[PDB]
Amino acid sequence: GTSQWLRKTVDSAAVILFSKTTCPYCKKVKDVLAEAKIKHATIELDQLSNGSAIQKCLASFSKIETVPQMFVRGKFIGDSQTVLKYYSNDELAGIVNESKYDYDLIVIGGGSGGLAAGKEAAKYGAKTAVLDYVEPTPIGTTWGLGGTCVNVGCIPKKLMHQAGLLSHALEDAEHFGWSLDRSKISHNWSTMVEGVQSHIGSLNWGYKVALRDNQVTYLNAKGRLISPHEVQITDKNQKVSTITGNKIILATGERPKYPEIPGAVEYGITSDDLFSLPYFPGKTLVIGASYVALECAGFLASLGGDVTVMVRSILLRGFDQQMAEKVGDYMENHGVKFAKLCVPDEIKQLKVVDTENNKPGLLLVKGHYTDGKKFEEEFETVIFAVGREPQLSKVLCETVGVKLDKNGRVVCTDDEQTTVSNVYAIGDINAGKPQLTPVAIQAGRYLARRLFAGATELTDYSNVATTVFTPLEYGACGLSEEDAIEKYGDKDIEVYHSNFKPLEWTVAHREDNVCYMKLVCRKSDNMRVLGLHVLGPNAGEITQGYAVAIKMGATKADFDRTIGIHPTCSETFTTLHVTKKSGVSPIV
């Protein structure tokens, strides 16, 4: 058991010191390593319980049983006297840079997961390269380092959501005594984009600074894995070369899909293009019904747009469907139009985009309803939000041996290892895992620790909480209600639920029984909380804290015995009592 850990640790670590906090000879080596700017991992044997068997098992590698012991890339380097001899002889530098490979680690993809993994491995002395390239979109849109969330996802999405929310704040202000008149105030699209892009640029710059400050090589080039240790790179001048690394981490993400209909690629856009568009979209058609589609439609409507969503079948496929419909109902009652059970057939161009005067074009959209009836309407912009997909054929020579699943995602063990023993995958291309930025970051940090510092902790991908940032927000953690019933039967499931009204909505004259929350519990397991759900303001701040208690196995009684904070929306979870089986109304 313990011997197989020591072997794995010694072989992949780049520079590692085995040590004890009590021994001063270890401090003499530590101090020498610090002075020479030699980054390394350290393992203090007098802090692990099996540390006396580890000191014994070390002798299998060094033929000695004492500390300190310094290793470099699987080879024992020496004890106290031997390291000092190399220092004063000007030999230690070339020792610690001895490698069969150019890099200890090559990361392909400069996004949420890739940046996190690369920064963490460098902290333990691993020589690291991070590659990032942004394939432009069909109209040419491109952006800087940091990946999808930073440039064309969570960060600009939530900023624009926030600009939408501020419209209600101006409305509410009057009722609380302020003198403004909401009807006389308008929104400037390009002023908001300039402010959003300014912040994104400060994030691009910050990431390049952090890689320099960590000694990570940043190459703005497209990477391709041609053999288990060989990565082929193409740069901005189309110049091609090959670099080698010991461990490879794949982290290249996904890009938006287009439907195979005429005019879609030529005349539509995606979210990739939306967050830096020079003109207001104007009258917009959003095709799709994911959170991307609903979040985008939602804030375009609050910013004054004329917005329609085309729904093939259901909203928010994969989420609790009772919550999904309430999410949709609220949008439909607050200025978002819906074309239900409908799909597009072609986009025709009526007006080219006025690039000079900074205006959108004009398009004719044709489709049909599921009963055969026809759809025909004019829009200035057409946004496709019909899913996302990787394209690993552009990253992975097929002869390398990395297995993929049916959707083109990498099949991994629970320690992120692919079918090639030294190649790993993280983030959105890791098959079957939630596609979320906090997940990618955690997965990448923990893997760096396992590869280069002897760590053993795995990433836990179960019960990861979400928030859909629609005009009225929706936060969730755990199973949907229909999933829980499917898994245990209707008779073993109890559901406590209630409406509520945020106190901020009283004086502003907003709806009495629209916000809603529920807890889905398992009778036979002590009324364990299988899933939590809440529709309301600040739904992400509400939900997050509860994810810790769900991780710990919380029950209805744990909620019951905790006291609420008053006045908040979230305290409603601490006094829930109406069950669905009771048939009692949940209104307040």
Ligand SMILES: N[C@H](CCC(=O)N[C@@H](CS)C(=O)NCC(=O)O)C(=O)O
Second form
Protein chains: 2
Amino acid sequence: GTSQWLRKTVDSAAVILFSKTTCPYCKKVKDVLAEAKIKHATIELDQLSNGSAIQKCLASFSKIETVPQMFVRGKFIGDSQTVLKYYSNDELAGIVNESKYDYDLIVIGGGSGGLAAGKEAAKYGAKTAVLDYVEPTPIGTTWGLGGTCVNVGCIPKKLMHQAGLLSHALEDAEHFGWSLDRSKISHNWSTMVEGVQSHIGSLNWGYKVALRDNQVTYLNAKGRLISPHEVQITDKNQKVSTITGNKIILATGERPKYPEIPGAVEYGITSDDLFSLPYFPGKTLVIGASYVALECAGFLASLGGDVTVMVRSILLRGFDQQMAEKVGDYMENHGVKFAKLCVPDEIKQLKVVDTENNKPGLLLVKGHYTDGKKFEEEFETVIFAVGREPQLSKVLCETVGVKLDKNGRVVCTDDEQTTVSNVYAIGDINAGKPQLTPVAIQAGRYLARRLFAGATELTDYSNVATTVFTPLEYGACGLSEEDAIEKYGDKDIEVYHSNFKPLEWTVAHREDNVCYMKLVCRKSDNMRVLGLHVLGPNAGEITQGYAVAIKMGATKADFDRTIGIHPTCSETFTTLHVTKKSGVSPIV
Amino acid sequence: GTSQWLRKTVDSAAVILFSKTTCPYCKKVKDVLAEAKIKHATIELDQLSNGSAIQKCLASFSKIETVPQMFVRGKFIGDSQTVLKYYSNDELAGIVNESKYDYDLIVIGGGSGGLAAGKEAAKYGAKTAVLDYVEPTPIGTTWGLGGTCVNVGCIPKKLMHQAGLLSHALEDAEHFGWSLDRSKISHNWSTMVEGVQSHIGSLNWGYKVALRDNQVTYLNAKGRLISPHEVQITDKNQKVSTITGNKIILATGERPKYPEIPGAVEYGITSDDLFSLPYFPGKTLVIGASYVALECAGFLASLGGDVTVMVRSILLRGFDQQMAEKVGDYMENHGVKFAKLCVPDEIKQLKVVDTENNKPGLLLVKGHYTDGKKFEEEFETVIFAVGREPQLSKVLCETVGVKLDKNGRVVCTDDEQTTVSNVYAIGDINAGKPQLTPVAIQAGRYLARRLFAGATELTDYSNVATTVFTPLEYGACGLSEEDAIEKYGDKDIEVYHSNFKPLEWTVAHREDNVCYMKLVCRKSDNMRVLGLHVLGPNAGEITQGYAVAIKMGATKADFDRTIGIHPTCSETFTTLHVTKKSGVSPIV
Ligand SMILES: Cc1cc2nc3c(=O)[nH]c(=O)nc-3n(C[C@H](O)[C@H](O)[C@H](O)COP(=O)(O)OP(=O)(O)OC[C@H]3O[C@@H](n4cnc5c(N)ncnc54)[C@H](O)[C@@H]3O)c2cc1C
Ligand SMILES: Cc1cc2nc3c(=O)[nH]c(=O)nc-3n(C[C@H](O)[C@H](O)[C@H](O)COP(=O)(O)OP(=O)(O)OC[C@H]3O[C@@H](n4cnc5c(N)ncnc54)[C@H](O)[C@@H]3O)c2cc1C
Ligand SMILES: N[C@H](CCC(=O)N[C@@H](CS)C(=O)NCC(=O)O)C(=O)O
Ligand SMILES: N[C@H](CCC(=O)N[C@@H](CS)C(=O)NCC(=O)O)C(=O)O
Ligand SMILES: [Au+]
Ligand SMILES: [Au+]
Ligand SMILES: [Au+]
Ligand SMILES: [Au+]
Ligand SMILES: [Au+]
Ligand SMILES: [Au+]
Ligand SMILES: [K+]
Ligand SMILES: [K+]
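Given the form solved without the ligand, corresponding form solved in complex with the ligand:
Every component of the complex follows; first up is the chain already shown.
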């Protein structure tokens, strides 16, 4: 262990200091490096069990066994006496800047993962470049630094979801004794959009400042890996140039798919366009049944929209199907219409989008049902949410040797390594991994720590918790019921479940037995919780704490002996007793 | 183990059936008992490891080792052939009803704990009586069945807290693009109260129906334990009578304290009166600094009230004091005034409460500061929240021998047993235990299971999570920072912390760095999480899931390797890095 770890650490770290907490010579270097503003990784050997073994192994790299020992890019440079001697002639700055490449790290893609990796790498003194370019949508929509998450993903989505939730809050308020007014109140799409885009703008700038303050070179350019250490860039003026980097992190993310039909690219929009849309969508058709499709359709209906969802087969493919049905049922009972077992054939333009009046055009949607029957209806806006795809053919030359799977995603090892050794991939482009922001963040941060700070900790991709932000939120963590049954057998699976109602909904006169939760369990493994599922308000806030417990290997008994907090929705998980095999109704 | 467990189980259970899942003779009895509607405990011996040992020990009680064996109140009555033989002559009903006392269980107090115990006991066929009486407040306020929680506690408190939160939702809504109107909106106390009391009414009736359906005798009477097995009752007509019970559960709860000063009892109200108060309190003084005091003052200010809190010394004594200060700071920045280091001397009436006009009176509050300076100000309503006390001198004769501590609470063992063997105490009256609803529920349910179903599981009272429902909610689970430091030493405690802001507050233009969370950890125990603390929206929904993890023995590393759900407030617990000893600002 010790031998292998040290070689890899020395060869990969840009600037690293092997040290002990109780040393005046180590402190003299630390104070010098802080004064010269030279960022570095610090390994306190007296804080490690194999610290004494490492010192003897350090002799193979430096000839000495004492501390401190400073290394720059796989090379020993000197001890405390020598480092302070270099600092005396003002030569140390040039030594730590000496490199074979332009950068220790090039990050292609300035999104969640890419920014997390870049910022973390810079902490330990790696010269880092972050490349970001936003290719315009068919209709020319572009945005700033931050990736999908900040600009056209989680952030604007949840803000518009909140705007939708306040519709219900306005209704509830009367029952709770507030004078209004709810029928005489309307929503303004433009007021909301500008507020949301104003917050997006501050994050765009926030990241630009963060990279600057962490001394990370930000380039607004399109990157292309032409060789393992060479990245071709293209700036705003179409200048083509080549930069070199020791390690390459690919974090280019995904973009929405378009079905191969006439009219789609011309007359339809995606989530990329919706969040900055100058006009209110109006009568809207959402083609697709992903979480994006349902979330978007969800708030649009809550913002006084005539919304139809066109579903090819099932809702939320990949998610628990019982839970998916309940998500849809709520939406259908609160305005959202569904065109079941339906696919589109073409979109004909009936009216052109009025730019100078902030109004949508008009589109004729032609499609067909599974049986063969025809679909024909007029919509003001058609939103495609039919999936998301990586576009690595634009990013990656075939000659480089980075292997991609059937879906065009980068095949990685458990430490994010591509088939090219110095090249890594994180985020949505990493095959088989949950496609979520914090996954990209943990991946990026941890990778940067392993590369430049000698860390060993890998990212755990199992039991990653999710929340679908539909009108009624759906939070999950672990396996679906059908997956657990398939993996272990029906006789080994016990499902505890209960309907419930938020206390806030009682006075507000909202429907009983709409909120549902369940625990999927393995009987032969001391009733181990394999999956947690909650449909209700703040389902994300509910699920999070439990994801830690499931990680630790929570059983049903661990839930039972914990005491609930009253009055909350979440406390219901602490007292579940009704099983599915008993057949007793989950109602309260 | 086996020997001792079986004797206790047989002697305590009212109706119990020792059985095996794979037996046609056992099924014949089960179908007979279900048909005759005779409720019973079932012990499946083939589902237990020491099941074979129990069968041999059952011979000492029944002479036989086969199953099924039916026991009634410490006595063997017959096997499958004999039980069906009794059912044939229609004699079985009389055998299972044969008792030395009127009831197998008498529960004194129809609140959270008492109703949980009673309902659970009835499941396993124990003849159960639940006694509840609500002594009128000085001003004559009374309520129905359900205890403090339902009528004058958690339920009406959180509903009025929600009504207060909607004030903020009405403000936020404009920023999120809704047309209003927020300055032209007012709140109506009477509309809210009647809605809240209407929900309280349905719970009052819900419990009456539940006890009936579970065949539990509900008596609206004041109980008094005069001997270990004798309970004296007093009904609505002042009829005095005596009922006998095998086991006695004391669940009489607490009532608010009054300071020993002139005017307090006459002209002041408590939380007992506030939740059904016909008039709006108006300019209000809250005397006290408990969670009740701050919660009440909190929503009253949010409902257009002029609110002052009179504090003797510190806020939320017993809670984390850093967290308590932040709770107060928010309140002070959102309308709530504080009279620091102040105590009351007397309340003089300036104006009598106008009953026929739904308006408060007027009171002169005279008090003094710690230095000696005088306090004098006019208030429309004075609310006392100076603590809560048990009133067991009214409930319990000194001759019975039930030991009480210095604060008048029942001293119990770890299985809720009083100094009298057949007498038990649960809920708020159980000394040293967290005074919360779900604690009373778990205690009651589990006790009933041990008494009448042969269960062994005790209630765990450690690391019970709390949430103070102030304008900004405060959720905690575990030790405070000062307690952890005291118990283990400053050098062994590491505190990770971070300020944060809800995504919903960005567009709504609310203050940055108001929401705060921390993890108190023990360095020498692999950075074990000793205490979790969160100040923010839905702090109860946030904390709950974590309480399970802490129960399992969560470390900081367990939080770190779990992946966050984005965008949520709770996810911030998964990425904490700033320690208090580093001195770096917790701001984002
Ligand atoms: C509508 C919607 C809602 C979502 N909601 C949630 C949610 O609630 N919770 C959650 O966890 N996740 C959510 N996500 C998913 C989440 O946004 C992604 O998983 C996350 O963005 C992954 O980050 P990434 O760095 O891998 O990709 P991105 O954040 O998309 O970053 C990739 C960046 O690289 C850029 N790039 C591409 N090619 C090049 C090139 N060759 N040169 C330079 N730059 C390039 C792209 O323009 C992009 O900015 C949502 C996504 C969508 C679309
Ligand atoms: C303002 C307020 C807010 C609260 N908020 C929360 C919260 O948010 N979360 C939480 O967990 N807890 C909260 N609580 C505390 C919680 O209500 C109690 O811990 C809970 O009620 C304990 O239940 P209990 O059965 O022990 O007592 P109770 O629920 O009070 O039941 C005792 C019952 O016995 C009756 N009784 C008394 N003497 C006799 C007699 N001799 N004969 C017959 N009956 C008798 C009483 O009238 C009462 O109805 C709050 C309390 C208050 C006052
Ligand atoms: N080696 C000298 C001085 C540093 C030194 O004396 N090394 C000590 C640090 S206190 C050391 O590592 N001692 C040997 C050990 O720890 O095993 C230098 O750097 O110029
Ligand atoms: N004992 C008879 C019939 C029941 C019987 O044969 N007992 C079986 C139940 S299948 C038994 O407990 N077998 C012995 C054992 O399990 O060890 C009766 O109840 O009238
Ligand atoms: Au995001
Ligand atoms: Au999609
Ligand atoms: Au709920
Ligand atoms: Au309660
Ligand atoms: Au109190
Ligand atoms: Au927050
Ligand atoms: K599809
Ligand atoms: K006090």
